[PDB]
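Only one chain comes next, encoded as structure tokens, the form solved without the ligand.
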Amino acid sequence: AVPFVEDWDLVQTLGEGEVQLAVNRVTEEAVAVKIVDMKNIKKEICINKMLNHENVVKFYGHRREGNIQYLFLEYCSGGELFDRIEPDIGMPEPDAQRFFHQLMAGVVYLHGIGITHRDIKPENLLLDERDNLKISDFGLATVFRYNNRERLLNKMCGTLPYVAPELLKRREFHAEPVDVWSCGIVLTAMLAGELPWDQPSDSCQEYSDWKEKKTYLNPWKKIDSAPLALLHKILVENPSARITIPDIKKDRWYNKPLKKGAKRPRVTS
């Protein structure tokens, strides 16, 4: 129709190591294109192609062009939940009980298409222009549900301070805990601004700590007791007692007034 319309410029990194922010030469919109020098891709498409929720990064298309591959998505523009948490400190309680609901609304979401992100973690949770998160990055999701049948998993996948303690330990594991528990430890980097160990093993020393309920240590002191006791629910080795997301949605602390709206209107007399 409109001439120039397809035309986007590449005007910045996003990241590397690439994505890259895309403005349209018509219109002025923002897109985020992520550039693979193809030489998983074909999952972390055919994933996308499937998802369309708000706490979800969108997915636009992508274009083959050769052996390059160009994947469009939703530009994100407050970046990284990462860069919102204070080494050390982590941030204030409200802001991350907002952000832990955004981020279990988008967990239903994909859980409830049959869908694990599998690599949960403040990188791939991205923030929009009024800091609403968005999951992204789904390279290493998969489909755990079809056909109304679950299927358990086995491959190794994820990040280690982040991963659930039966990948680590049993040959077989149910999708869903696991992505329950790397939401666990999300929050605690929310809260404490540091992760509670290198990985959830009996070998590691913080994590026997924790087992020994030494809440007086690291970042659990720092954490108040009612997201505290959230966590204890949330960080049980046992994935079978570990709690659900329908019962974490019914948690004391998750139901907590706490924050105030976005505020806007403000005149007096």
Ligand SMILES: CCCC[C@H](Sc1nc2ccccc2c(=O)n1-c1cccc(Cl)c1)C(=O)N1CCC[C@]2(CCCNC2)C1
Second form
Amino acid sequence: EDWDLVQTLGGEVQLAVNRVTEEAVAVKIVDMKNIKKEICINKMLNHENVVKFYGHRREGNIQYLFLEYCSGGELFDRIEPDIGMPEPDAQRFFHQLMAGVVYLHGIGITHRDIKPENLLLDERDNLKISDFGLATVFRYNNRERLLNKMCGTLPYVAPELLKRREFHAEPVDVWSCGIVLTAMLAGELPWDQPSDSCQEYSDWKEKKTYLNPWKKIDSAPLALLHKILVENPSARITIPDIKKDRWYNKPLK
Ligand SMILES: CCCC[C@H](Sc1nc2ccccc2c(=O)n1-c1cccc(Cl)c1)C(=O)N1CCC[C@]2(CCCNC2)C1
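Based on the form solved without the ligand presented above, generate the structure block for the form solved in complex with the ligand.
In what comes next, the whole complex appears, and the chain from above leads the way.
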């Protein structure tokens, strides 16, 4: 037995390999010099579309998180700039993304930073939601708490987060999944940020779909995107309804 730190995956994250079994695991080194909540949240998780948590180890000042190694890399690296990826592949990743998000929201957890860098792939190209450093509990004892903290990455963040003092957690993760779908299908992010001062975002609200990235997207998935990227979070489509959408259920090969 004994693990070797073979290389840098991305503190930092190193790839550890068992000297006997040759089994691998990602080790996240968190120089505490987030983390507490991240370990806590990780302990509650167990789902095939969420990066597995093996355990942790303080060992002084460097906190060590032991996480599932995803040999396929980041979804981010499967997206060709300006092109996207084949629709069938994007749909399968999107189905898997919704499976992971339904699970998280089911146990009252919001990820808050969904984007392709945080969606990793295993050996069989199964999507795994990664990094719970920004995650939080939005439901406890069956009572929902509204969020107010600015968390996320601008291009993927929901507009309410920039405009409202308080907002529901779930539609924010739905929105970020819609920007991920756009990136998969167009190899392009639609706007720097979702604010009226951003020309691209204003054009979308005025339905100028003849512009990029929308023009590269087929009408069926674009119809789903019209339901997800709705400014008013109360009017935005919910996950159960996304799962009933026409494109979501279209057979593709
Ligand atoms: C068409 C080729 C350009 C594609 C780039 S892709 C991109 N832009 C980013 C811009 C800001 C932050 C992160 C990214 C990023 O991760 N990607 C990125 C790169 C590769 C893969 C992935 Cl998933 C993301 C893009 O969408 N924009 C940069 C150029 C101008 C924008 C303005 C908004 C309207 N679309 C074009 C945004």
